[PDB]
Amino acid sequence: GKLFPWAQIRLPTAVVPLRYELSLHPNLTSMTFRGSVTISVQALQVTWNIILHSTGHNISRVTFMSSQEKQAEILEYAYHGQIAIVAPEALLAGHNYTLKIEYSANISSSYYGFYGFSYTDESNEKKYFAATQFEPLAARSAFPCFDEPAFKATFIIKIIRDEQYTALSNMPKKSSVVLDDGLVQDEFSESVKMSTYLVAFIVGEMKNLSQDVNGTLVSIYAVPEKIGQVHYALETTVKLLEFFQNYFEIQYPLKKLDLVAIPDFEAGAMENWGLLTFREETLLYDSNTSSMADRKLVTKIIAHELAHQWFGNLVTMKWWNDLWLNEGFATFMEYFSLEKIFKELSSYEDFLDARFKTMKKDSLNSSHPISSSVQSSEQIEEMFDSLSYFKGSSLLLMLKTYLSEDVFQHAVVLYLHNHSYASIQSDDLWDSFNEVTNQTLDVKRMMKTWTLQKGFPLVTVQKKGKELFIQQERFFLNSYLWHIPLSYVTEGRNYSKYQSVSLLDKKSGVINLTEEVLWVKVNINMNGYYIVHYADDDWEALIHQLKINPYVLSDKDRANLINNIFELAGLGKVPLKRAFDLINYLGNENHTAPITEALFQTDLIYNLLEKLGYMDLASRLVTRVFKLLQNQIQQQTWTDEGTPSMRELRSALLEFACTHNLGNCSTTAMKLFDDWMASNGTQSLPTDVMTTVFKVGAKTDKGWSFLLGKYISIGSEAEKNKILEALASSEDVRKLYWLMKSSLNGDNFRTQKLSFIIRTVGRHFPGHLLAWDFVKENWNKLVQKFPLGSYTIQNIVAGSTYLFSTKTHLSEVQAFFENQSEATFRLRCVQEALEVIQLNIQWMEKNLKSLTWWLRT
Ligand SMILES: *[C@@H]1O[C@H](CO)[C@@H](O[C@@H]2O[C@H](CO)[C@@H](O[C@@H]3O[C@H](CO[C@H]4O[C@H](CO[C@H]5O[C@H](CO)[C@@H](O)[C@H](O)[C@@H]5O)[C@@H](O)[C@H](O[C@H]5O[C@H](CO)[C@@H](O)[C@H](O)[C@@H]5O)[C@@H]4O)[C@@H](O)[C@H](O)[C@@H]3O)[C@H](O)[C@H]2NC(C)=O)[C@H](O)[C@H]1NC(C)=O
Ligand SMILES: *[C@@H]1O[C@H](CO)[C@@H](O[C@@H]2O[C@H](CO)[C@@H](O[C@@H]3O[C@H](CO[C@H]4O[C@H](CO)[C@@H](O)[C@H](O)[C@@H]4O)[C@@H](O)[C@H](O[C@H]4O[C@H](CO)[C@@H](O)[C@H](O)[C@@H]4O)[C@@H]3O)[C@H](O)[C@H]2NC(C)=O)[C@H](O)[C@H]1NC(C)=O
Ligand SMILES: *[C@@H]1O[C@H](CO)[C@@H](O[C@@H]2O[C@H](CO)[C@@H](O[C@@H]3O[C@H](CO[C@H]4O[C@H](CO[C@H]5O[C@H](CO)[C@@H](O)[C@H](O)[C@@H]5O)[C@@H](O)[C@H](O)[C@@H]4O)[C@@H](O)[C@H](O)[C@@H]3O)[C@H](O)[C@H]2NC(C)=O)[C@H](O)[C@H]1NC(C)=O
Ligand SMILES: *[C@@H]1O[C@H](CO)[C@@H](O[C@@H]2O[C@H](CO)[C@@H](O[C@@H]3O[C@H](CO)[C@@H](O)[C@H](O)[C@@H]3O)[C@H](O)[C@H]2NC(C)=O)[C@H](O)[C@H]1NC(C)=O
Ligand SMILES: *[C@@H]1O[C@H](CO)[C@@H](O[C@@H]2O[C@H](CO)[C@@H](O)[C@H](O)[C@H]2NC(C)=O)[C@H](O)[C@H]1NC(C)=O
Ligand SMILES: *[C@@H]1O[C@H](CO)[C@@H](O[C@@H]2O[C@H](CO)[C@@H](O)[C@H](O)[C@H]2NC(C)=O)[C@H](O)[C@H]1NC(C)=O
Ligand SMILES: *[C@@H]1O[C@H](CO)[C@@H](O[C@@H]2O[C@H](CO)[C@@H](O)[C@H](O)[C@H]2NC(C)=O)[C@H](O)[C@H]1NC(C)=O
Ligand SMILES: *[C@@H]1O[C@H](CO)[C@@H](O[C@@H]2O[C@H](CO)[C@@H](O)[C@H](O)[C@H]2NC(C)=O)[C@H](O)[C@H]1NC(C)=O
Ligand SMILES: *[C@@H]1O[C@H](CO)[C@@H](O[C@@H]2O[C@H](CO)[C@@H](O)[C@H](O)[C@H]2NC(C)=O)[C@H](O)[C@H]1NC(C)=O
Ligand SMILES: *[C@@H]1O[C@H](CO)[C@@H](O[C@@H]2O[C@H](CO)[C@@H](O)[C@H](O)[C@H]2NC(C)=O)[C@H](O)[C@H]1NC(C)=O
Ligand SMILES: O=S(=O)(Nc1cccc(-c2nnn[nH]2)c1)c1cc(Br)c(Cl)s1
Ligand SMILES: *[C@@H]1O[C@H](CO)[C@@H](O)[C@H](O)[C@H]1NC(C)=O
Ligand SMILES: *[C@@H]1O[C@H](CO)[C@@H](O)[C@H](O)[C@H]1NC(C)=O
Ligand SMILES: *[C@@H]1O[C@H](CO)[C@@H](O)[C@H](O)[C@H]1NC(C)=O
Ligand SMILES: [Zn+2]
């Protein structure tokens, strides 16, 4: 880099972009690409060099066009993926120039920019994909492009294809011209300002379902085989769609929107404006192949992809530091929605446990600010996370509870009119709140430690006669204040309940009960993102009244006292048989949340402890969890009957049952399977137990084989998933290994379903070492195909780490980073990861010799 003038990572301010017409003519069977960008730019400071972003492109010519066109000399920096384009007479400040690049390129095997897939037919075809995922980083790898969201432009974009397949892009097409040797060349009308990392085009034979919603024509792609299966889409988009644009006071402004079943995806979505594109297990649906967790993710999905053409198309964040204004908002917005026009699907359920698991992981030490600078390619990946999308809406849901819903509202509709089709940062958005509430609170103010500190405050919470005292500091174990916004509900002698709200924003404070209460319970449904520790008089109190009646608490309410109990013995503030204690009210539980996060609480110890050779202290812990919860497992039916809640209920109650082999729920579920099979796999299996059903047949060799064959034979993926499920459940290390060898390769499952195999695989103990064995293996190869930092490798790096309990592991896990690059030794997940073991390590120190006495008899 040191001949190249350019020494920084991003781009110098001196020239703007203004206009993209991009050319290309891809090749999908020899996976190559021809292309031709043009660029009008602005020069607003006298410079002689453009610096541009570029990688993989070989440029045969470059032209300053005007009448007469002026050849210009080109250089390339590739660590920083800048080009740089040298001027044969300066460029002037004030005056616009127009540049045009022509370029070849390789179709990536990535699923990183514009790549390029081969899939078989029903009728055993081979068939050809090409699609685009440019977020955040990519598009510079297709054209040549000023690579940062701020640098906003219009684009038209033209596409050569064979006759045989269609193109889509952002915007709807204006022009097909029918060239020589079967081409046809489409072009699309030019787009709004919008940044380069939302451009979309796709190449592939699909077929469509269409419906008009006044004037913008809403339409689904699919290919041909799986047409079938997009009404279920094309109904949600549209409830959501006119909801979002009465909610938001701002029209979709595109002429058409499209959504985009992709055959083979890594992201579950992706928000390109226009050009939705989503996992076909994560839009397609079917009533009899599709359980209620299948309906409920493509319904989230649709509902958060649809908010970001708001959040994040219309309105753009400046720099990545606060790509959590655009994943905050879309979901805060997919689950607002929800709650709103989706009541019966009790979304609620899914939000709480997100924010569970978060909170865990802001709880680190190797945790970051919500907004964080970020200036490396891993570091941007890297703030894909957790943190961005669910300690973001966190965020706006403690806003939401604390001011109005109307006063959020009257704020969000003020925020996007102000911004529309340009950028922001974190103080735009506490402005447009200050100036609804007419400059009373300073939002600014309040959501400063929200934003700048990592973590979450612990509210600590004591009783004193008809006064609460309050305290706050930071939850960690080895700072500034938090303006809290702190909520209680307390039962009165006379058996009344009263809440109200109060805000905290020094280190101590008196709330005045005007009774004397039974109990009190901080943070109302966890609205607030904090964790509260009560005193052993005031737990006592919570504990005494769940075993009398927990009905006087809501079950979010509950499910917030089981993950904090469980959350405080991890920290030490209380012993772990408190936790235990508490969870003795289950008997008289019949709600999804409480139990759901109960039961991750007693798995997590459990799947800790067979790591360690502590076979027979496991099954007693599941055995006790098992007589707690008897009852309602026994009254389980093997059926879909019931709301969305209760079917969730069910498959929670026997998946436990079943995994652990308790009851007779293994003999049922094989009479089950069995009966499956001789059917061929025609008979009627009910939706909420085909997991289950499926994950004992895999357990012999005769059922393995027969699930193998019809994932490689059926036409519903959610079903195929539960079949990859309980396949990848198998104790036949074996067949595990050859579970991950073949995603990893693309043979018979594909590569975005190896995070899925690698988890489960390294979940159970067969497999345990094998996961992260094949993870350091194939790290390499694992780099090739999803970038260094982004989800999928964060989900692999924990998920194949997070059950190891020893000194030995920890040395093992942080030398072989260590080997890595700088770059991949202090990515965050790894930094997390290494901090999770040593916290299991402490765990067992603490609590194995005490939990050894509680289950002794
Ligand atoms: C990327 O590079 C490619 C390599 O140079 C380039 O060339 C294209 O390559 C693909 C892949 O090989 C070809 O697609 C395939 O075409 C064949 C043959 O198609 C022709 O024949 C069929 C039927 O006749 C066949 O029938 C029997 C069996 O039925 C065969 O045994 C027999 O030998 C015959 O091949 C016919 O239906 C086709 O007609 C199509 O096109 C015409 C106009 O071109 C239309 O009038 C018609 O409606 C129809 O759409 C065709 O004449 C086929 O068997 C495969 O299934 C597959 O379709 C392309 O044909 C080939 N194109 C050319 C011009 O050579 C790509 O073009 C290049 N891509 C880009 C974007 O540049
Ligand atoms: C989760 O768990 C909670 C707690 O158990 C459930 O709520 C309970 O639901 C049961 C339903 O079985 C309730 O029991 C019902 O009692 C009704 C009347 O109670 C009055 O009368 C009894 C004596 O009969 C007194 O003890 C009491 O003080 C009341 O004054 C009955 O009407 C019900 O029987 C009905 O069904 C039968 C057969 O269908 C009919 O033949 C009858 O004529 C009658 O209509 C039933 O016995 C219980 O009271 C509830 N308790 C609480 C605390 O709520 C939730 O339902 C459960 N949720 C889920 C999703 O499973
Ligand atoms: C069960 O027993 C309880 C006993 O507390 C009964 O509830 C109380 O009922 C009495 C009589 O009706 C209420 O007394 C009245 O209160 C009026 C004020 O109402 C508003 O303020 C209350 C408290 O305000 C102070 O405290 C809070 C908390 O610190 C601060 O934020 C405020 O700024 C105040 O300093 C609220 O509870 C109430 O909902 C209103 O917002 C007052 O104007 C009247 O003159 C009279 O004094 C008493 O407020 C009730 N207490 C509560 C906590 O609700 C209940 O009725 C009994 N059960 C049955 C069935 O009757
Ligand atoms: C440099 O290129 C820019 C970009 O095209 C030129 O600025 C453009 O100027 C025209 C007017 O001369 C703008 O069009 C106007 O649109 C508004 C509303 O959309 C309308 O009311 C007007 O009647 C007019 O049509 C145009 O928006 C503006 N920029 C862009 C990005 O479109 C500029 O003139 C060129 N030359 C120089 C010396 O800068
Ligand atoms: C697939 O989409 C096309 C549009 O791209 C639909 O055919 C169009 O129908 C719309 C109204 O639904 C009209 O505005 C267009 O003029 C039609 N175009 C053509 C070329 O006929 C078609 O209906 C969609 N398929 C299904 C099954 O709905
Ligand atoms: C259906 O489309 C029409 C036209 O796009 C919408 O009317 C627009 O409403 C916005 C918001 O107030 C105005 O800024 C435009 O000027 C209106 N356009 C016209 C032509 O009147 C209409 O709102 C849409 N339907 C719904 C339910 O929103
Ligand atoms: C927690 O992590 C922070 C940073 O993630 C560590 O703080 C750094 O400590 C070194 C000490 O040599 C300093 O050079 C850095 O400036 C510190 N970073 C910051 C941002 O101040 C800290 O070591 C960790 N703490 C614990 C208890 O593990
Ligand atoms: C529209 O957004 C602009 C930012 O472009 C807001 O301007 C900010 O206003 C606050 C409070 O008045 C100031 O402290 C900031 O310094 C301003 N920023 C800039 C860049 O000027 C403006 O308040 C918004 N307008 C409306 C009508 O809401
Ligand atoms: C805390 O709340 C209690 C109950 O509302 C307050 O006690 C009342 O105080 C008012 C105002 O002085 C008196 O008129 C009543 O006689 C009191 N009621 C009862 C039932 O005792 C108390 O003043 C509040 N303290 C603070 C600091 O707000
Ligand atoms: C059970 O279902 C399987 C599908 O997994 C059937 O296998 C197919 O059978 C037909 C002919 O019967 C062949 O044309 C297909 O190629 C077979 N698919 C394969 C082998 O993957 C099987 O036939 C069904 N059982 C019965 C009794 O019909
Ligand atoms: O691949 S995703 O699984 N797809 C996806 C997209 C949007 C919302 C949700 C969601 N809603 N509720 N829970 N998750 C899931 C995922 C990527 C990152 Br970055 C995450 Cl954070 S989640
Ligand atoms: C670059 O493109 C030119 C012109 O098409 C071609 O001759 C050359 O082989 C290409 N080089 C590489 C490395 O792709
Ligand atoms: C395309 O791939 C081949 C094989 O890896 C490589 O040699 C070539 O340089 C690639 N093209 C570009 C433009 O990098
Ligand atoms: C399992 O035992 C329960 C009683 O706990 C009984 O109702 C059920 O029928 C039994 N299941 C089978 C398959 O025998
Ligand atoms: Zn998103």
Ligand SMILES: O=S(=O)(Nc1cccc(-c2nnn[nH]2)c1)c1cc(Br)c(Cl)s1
Contents of the next structure:
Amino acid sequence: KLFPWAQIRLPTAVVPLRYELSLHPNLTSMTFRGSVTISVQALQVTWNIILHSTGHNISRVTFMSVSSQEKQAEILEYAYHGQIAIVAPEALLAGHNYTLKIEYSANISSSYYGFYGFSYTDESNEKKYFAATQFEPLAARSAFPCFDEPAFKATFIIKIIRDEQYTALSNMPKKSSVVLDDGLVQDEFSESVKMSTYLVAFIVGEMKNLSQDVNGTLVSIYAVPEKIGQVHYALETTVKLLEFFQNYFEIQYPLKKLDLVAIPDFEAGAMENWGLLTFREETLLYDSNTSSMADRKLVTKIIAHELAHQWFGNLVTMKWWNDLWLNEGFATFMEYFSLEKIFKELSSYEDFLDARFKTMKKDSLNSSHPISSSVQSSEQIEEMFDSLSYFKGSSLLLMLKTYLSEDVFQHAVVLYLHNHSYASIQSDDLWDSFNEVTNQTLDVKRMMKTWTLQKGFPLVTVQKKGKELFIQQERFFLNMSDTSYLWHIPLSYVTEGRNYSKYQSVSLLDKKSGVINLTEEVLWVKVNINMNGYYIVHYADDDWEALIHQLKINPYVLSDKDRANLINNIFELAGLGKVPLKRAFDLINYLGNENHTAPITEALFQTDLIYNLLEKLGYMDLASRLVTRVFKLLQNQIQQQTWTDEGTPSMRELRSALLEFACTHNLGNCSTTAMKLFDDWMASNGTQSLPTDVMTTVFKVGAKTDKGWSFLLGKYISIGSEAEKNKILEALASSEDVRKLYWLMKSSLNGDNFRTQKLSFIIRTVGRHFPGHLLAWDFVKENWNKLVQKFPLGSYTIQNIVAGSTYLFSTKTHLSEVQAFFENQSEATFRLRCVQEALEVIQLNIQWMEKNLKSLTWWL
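Could you output the structure for the form deposited without the ligand, given that the previous block was the form deposited with the ligand bound?
All you get below is the one chain by itself.
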């Protein structure tokens, strides 16, 4: 047979309007039966209706006009694009409506994509079942035949026949649960709002709810009976944020109910389905005592993210997958925005600032690609799911929110959504909304497009001569060729004048060079206030010194953000070479008076990275000298740490940082205190509570003794707190018993005492420290086929593994070895971004040493 469609995209010809879907899922037998009624509308004359289906045993297919007589239509198949074509026995005329009915049988998914299912072991030793969905991106067509593209928005009637013991859920509220004569229940849910096919949702599980009503909408967290006590905070928070987003966006959450569900499975699909927000149990659970600081921040973030998406993504969808970064970028921004507004106390701007640092690092590589690309096949569609894009977007919106007013941003947003509700959008449409709120004073589209269409970010260079501030732009490239790179850069700047004459302004650098006229002569100048702009700034020798000297006199004239920024940049610029590593260590000598966590963490991140690179070569004196030096600057702040959980989240994070550093390197009191804490804890059979802020540190010091290691392993297999288990595992993997380390990796690959999902984390941890450095990479090498079977070549896990196991190499010999090995696999494995990023990194490492290593001896 011949197929009438030879394209990845569906034709514009026919358009869905309504969807009546009835399903009969049998979770114990992991199969289902389904019936779809699709009301379409033709626009062009056609003799075929091409839409999406996969893994469907089609029982009956019937076509209609109005004539209530169902006419038997023939169905064609083409598995390559997951398409089916319906041959209609009557031509379909423009404007005319038609209704298609399809009946089918299918399997509930073994994987955790599509309509997936699993079984869990209840608190009663009683084995239970559960089914859910995860359609993003291309998985709704697995669940039911449909038009599976974001632009084809329709309404949905969802009906499932469940079993009485189960709570069945879906997008909309439950219209009618009507008992069937055999012990089965035919649940019906109200007809949905005009929405995208990938956002359709349903869940069948034995579940409890915790509920509350906010204005009209009834928010509800559904958890498994045995863990409903742990979703209190979840709801409490979803209340605060829903309030906020509705107030911010000024468009009201369009449904009467909002459900969040803590799925009891680690591999589970977590996403922002309209009204049915899915999450991994793990990522929603919170105990107001027994949980961590990072624990609060994490779930508070994920709720925000998934909620922000309700408006940015579900109400205003992207026409196609090439604009995903816009919706995830927005969600990832509101993630941190909303949290400053409501959870100011969390200090999540600290996390956001780190994220941004980490993004820039990965973006500045040759391996990086622009966020705005042309996406054709299912591979390029799945390639669009990477935090780099999400985070670059996030960053670009902050740069835009800081350039225009806070209030200007909001009103563009408000206009954007309102104007485009229940429609499909292109990236530009957002910029156009920004264009109009600026009274055409800026372009924004022109401006943003320089960021979105180009890889990487610019390096701004700054020179002060009198009252003249000279700005220069250039692509921040790390040595290893074109000049089309020009970014429209919102430069902010801050200054101190005629004795504590604080001044600040902003100016657009749309050209390769320019000059700012300063109102008066200044002692120092700082560009990119709070690193709100996605760029690195380099300074002329005397301008750097102007900042290096200021930090020594009073660093508090600058924010913790700016101060962290300077610490980041100088170390990055030392890497490039535009500044000697000396100056880098010069700038950070101010640290004695630094009491804010952000700059201290960044200094620690920089110095631990250098330490480990040198450690891995034979240079152990330099490595030690480096650590004693840094310890000296932070001696007081370290000696000031109480081993507790008291203080603001920020200063709680400072404790975990300063204590880990000090313990890792066994400096002063640290080891002995943690060991006493460890012994006491072991002695309680682990029944004594340890302060969450000092847990990992304490556990590590423990694991350094067979007794400790053994007890920890014991507790890992016994206890039930997953987060405590991860902190426990970190310690085990931080041992210096090469044999133990090996065992831990072997075990996780065999899924033996640790599940395979933990493997990358084990490899990352082993590979970081000296006794397991070569071990970790050898394990990766020799177990390559078993790894690639267990995580597909292109998954995030395998990228994590390759990075984790190789990023600390810095010799031509290792470069040779690494390359060789992937060349010895195939050419398709050796062409993978993660393999090319790997080898780019080893080169940059080699280049780092052959630029900074020899001079090192003579200081620190």
